[PDB]
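What follows is the residue order along each chain.
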Amino acid sequence: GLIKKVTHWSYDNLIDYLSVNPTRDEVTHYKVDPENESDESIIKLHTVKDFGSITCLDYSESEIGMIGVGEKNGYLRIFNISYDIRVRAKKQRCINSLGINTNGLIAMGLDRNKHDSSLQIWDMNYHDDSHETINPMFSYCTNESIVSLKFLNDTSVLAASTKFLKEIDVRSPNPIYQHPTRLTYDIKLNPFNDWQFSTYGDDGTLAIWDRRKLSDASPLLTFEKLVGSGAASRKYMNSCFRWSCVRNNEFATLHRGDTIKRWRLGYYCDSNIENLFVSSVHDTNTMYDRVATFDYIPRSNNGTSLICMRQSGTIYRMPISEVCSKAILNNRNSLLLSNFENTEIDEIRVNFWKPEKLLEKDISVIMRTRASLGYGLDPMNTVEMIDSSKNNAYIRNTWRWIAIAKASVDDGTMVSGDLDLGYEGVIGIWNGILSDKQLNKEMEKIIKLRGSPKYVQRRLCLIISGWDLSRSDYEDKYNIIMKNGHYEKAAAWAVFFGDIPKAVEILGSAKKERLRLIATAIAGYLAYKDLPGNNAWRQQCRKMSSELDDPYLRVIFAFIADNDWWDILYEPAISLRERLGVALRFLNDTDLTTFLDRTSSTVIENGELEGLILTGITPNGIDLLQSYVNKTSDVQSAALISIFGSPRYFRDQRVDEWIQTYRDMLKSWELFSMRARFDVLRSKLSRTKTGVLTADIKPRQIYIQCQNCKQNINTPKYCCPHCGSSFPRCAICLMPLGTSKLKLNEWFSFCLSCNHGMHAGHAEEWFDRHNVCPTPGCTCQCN
Amino acid sequence: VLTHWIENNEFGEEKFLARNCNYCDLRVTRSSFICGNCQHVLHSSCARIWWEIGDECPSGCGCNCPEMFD
Amino acid sequence: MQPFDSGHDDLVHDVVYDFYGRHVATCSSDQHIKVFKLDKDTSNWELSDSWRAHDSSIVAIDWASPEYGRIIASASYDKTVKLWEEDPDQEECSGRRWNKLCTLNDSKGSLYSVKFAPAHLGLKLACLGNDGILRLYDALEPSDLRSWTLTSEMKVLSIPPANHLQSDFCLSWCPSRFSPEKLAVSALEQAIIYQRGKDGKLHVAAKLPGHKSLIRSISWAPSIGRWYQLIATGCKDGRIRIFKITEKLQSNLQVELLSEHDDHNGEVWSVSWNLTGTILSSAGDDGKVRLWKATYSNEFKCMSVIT
Ligand SMILES: [Zn+2]
Ligand SMILES: [Zn+2]
Ligand SMILES: [Zn+2]
Ligand SMILES: [Zn+2]
Ligand SMILES: [Zn+2]
Ligand SMILES: [Zn+2]
Ligand SMILES: [Zn+2]
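Chains A, B and C supply the protein sequences, listed in that same order.
Counted the way UniProt numbering counts, the first sequence spans residues 2 to 83, 140 to 273, 283 to 337, 350 to 429, 496 to 534, 538 to 580, 595 to 611, 626 to 891, 940 to 963, 995 to 1037.
With positions in the second sequence counted from 1, the corresponding number in UniProt numbering is that position plus 1077.
Counted the way UniProt numbering counts, the third sequence spans residues 1 to 248, 288 to 346.
Bound conformation, chain A alone:
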């Protein structure tokens, strides 16, 4: 088959195509509308059902509709589709090529004849209408078989033969060059770069040639066994290669009748000749198999559709998918999309799942919103912020414990004596670990600041967990929780402390009928503890504790049904501070040790933030935060928690990594105020008990000279304190520098380019309406 795209023929946006069926017995003229992809756009206008064994075909760009059709017998039927004359050679043989120039010159190739010229070119207007034979103005290629030819300019023509390539001009009988090659079939020119053409091969070796390299040797590109073979055997070849007409340095090759490869080329200049190389190969699968020839369709906005002719001769339309070429992710959780076809860039903003919902649920935008809100600076402010916004409660609980421990450290509690004991863990206090009597006596002193041999350790644990509180303040806390409205939490705390009649009193003073029913059910317990099991009531309470949704009511029913604490200490949906409180209040030494070991070994491997109450800000606390990071990708809380104890007590690289990552993220979010607050908070919390700053600070950068004695003017007046020279004044108000909340009328703004100083407010007022330094003899746009 042969599909040839013809230009300069339609005034409208439609594109005309000419086709030859694979049987080489028919010629069809097509009009294809590119803006509609459906097969109704492929319109068949006229058909000329004659000839037989067509070998070549061309068209005339200057004159509309004139189409030359070759034949194997030797007749060149030149006619119109949009008269009808037939010509032939002086000696009739097989026509293998054709070419129609712009002015009207029509060429011809013939087979090898020992007594005739092959390339015979004439004119349309200078041939006799009563003669079948042509009258060639110029005759070339004696004893040769022309296989393909194409018109380059209004004078020159490029030709090819069975053993040579020829670029022959009509103004000189001598050819310009003759390059020996085995690749001469189907010369096709690039519609952008006229100096490059591609020829087929006998074995299928496509080669993109250069005119100038032969004009002056080597092919510019080569491709071994790229296209189908059979060039020298069958004169009815298949046009399975096309130079692109949408963009430069691109071409398509159809392999095995099913796949189309859009080869793209790269070029460089060795400094006019561009040594080409292949960059990327884009594959596309055809809609239907057994395709012989195809052609491009230029679409709007650099689009591409393919018109293809099958082996049966049926012609359809296949589009090229808009493949995304780059999917990069922003720091603000945004997606950028570039296409392999056109130039517009797609944007997905944070503003199966939806992409917007996934990017809004990601922890990057979660951390960005928290850092904008002011997360981690003051722990009471963090707890208030969490309580004033909606799913996350264990972060609120661990920040509440951090607030309690920070209040303990700032109030002078548990920092005095020879043992620092700052932000230590409950597990650490309970385990103990240079004299045992000395540590016991300093713990006793700590108790003196504000039944069991380890009573001092239990009291330190209750001080750490924030539970050593009086009964009157317990009633005040009951009133506080009742005013808040968490009656379930208030009753849970009452059951935790053991005042069951007070729990019944608290739940009975509620506006919820469900709470009143639960109050009555719990009221069925006071005269019911001195009883065995299985009396229906404990059965109903066990079923309730199994089926109910609120975990506080679950543990209330569980303890009231069975007076044991192992069904309460292991409930995961209650606060671990409360579980530690009841375990320290009620359980024995061995039971408390087993519970502490189980809970600590659980939280260390599981990465729960509420294991920090047990383990403190220790190396084990950093291990817990590392597991939390590995579980959640939350470096913000890990940094803002590990800054409390790390530079003060233990140097570890994980805290440094978290701090650097959070600071880089704050810089990427352009949260410079939050980064500065984080830095000054690290410097505040890096002071030891003595007061020595242990955090690493940036070294000193610059100092101010006075050019006379060449020394610093301020020691780490309105005169230099060494040579007595006069300081320069502000150019606005003529007031000199003074040496010995910051207002905008105290500090000079010494530009480091022109070295001219003004006060801050004067400089801001002068540069608000100007862009030049105020001192004479300077040209420097400071601000």
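No lab work stands behind these hints: they were computed from the structure.
Fair warning: there could be bad hints in the mix.
To be verified - Below are the BS3-like pairs computed for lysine-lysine, each with C-alpha atoms no more than 30 Å apart in a straight line: (1) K842/A to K332/C; (2) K108/C to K505/A; (3) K806/A to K340/C; (4) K501/A to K327/C; (5) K501/A to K212/C.
Chain A is fixed; fit chains B and C with the ligands onto it per the hints.
Okay, now just chains B and C with the ligands, sitting in the frame of chain A:
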């Protein structure tokens, strides 16, 4: 009066970061602010933004720069 | 999915963001670089400068860290690396806003990938092309950002590829401030991790296995404190390969494949990570963009797909 950078033999990131602002972490070349107790630079806009919501040095060296730049 | 036109006259080859996330730079095969800025008011991307950069098609650009200023490392097919610095005292959309800094004319082949190093290495540069040689460029003197020295020269290929066969290269550095210098080098059908030694010369540390076809894009997940690193790879096969690396040549590192996903059934052209290493975005030959997030376990499972 002319400003003079502290000369230190550095090799990597800190040679570039020695002459950078301590609030926005960019290079300072025009309209600076220099403290005397700690020798840390700031931009004009960076200082006029930071001292409305600040009390200490943004590099966190522990210097109250509103009261100690002299 | 609102689009904006880049204004290029031919194919846009590579687009990257800056550090702050408000600037993009677009290189293309019309020998141009256009840098867009994100408007604060209208929230619509608009051009800042549009200047012709190279003599051939530009294929890879990369921003420098803002502490070193605004520097764009452009690599093209004309055996050059060009570095561009913004001069603020010039009007917008002019063509002289980004003054040229240097040309690194030490390449004997067309480049494919250029990547700036992380900030803690200094102002280091990585350049790879079809020469098979990786050359590291260092900005030693901060007083003038116009002198760049060539220090590390490691050969990643035995011979350069043929003139007709296609080849693709992608580079990705190691954003870990408390680990030695590491670099990921995807040369044809080899994923190589190059590590800095005690002598100061890079060596072959480990090779990512698999990769039966041509490698198209490599990407290193940002280390945010986790004890394991992640490298995402998209081959000419439809495999989004996420490699897990544990590091403990001062330090040795072991490579274990975490996943091998075939939801594209084509060629994965670009695979890239997020800020925190949670969301993985991949584009394939099926015309679809797939987002990936880890489950409760560490195995990655497909999320919302953009077509
Ligand atoms: Zn003096
Ligand atoms: Zn003044
Ligand atoms: Zn001046
Ligand atoms: Zn100035
Ligand atoms: Zn600044
Ligand atoms: Zn300071
Ligand atoms: Zn200061």
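Each hint, compared with the structure:
Proximity of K842/A to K332/C is assessed by CA-CA distance (about 25 Å); at most 30 Å being required, the pair is judged to hold. For the proposed pair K108/C and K505/A, the alpha carbon gap of about 47 Å is over 30 Å, so the pair is violated. Taking the CA atoms of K806/A and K340/C, the gap is near 16 Å; set against the 30 Å cutoff, the hint holds. Of the supplied pair hints, the one linking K501/A and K327/C holds, its CA atoms being roughly 18 Å apart against a limit of 30 Å.
Of the supplied pair hints, the one linking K501/A and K212/C is violated, its CA atoms being roughly 36 Å apart against a limit of 30 Å.
Of the numbered hints stated above, those contradicted by the structure are hints 2, 5, listed in ascending order.
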